[PDB]
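Guided by the hints, dock chain B onto chain A, whose structure is given.
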Amino acid sequence: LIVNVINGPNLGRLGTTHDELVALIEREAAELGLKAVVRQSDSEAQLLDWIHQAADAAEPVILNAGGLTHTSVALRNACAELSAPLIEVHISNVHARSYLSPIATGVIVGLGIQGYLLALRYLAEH
Amino acid sequence: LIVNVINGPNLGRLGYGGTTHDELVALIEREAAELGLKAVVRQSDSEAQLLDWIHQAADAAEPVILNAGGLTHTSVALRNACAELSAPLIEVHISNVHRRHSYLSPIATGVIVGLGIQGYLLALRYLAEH
Numbered sequence: 022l023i024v025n026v027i028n029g030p031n032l033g034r035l036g037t038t039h040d041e042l043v044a045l046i047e048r049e050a051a052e053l054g055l056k057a058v059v060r061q062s063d064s065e066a067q068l069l070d071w072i073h074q075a076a077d078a079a080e081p082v083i084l085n086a087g088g089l090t091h092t093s094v095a096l097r098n099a100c101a102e103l104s105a106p107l108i109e110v111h112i113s114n115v116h117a118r119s120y121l122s123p124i125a126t127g128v129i130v131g132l133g134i135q136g137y138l139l140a141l142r143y144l145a146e147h
Numbered sequence: 226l227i228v229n230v231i232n233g234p235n236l237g238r239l240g241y242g243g244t245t246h247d248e249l250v251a252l253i254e255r256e257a258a259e260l261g262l263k264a265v266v267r268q269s270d271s272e273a274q275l276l277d278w279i280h281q282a283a284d285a286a287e288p289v290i291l292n293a294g295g296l297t298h299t300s301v302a303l304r305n306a307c308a309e310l311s312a313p314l315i316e317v318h319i320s321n322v323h324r325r326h327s328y329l330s331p332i333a334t335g336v337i338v339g340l341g342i343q344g345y346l347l348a349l350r351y352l353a354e355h
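Residue numbers (this note's numbering), protein chains in the order written: chain A, 22 to 147; chain B, 226 to 355.
Bound conformation, chain A alone:
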């Protein structure tokens, strides 16, 4: 039922606005039949807290981090504790140019912001 869409460093900046996407994500979540706490931050500590909560709750996560994607063992460790599904999403294509991918259930890269809404659809059907 409850899904956590967590976003990281250099995503508060982010062709969409803060909060086009949250609104895009939230209603689509609704249309699918879920609730998407959409959360953003620029610090790992804030980030890690939300991951532990999801693990403590067993509530699915949609994670995108920018700068802590390919640098953070801490973020990998917390994500290892996640009981319920973890879908890594990326808007840009990182492969032309990750820590979590061996701990993520699945990954989506390079499909814009619709990556988020596709991840949802998986979780819902699953």
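Hints listed in this document are in silico derivations from the structure and should not be mistaken for laboratory results. Even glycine gets a Cβ: it sits at the ideal position worked out from N, Cα and C. Treat the hints with care, as some may be off.
[Claimed, not checked] Here are the simulated distance ranges between beta carbons:
1) A/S113 to B/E254: 42 to 52 Å
2) B/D247 to A/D63: 24 to 34 Å
3) B/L226 to A/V94: 42 to 52 Å
4) A/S104 to B/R325: 22 to 32 Å
Chain B in isolation, oriented as in the chain A frame:
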């Protein structure tokens, strides 16, 4: 209009998806219709055959949803072949491959790994609205 969905070596020997190929091939076509597309769902172990299908889609300017098998990691040919694609190419794997390096991913528009046979349908769904 037309979406080419191609499958590489060993993918007809499913039985990964839980679901078999024949089942898979119908479902994709099934879910393609409701999105408003004609899923031309193919497979072969022949690398030559695959590459042809890549050329076909390149000449036609059609989007591809590619799931190579073991060629996805090993084959230069397949990247040159994919490097010809003008319209989108979505790379799809049923398992989560993170095999951690894939030739196609740096020239694929996007990738979907570890979401089962549903990656195909999520890939279709990006093409519909893009």
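Hints, one by one, checked against the model:
{"no.": "1", "hint": "A/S113 to B/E254: 42 to 52 Å", "result": "violated, 31 Å"}
{"no.": "2", "hint": "B/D247 to A/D63: 24 to 34 Å", "result": "violated, 49 Å"}
{"no.": "3", "hint": "B/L226 to A/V94: 42 to 52 Å", "result": "holds, 46 Å"}
{"no.": "4", "hint": "A/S104 to B/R325: 22 to 32 Å", "result": "holds, 25 Å"}
In this structure, the earlier hints numbered 1 and 2 are contradicted, and the remaining ones agree with it.
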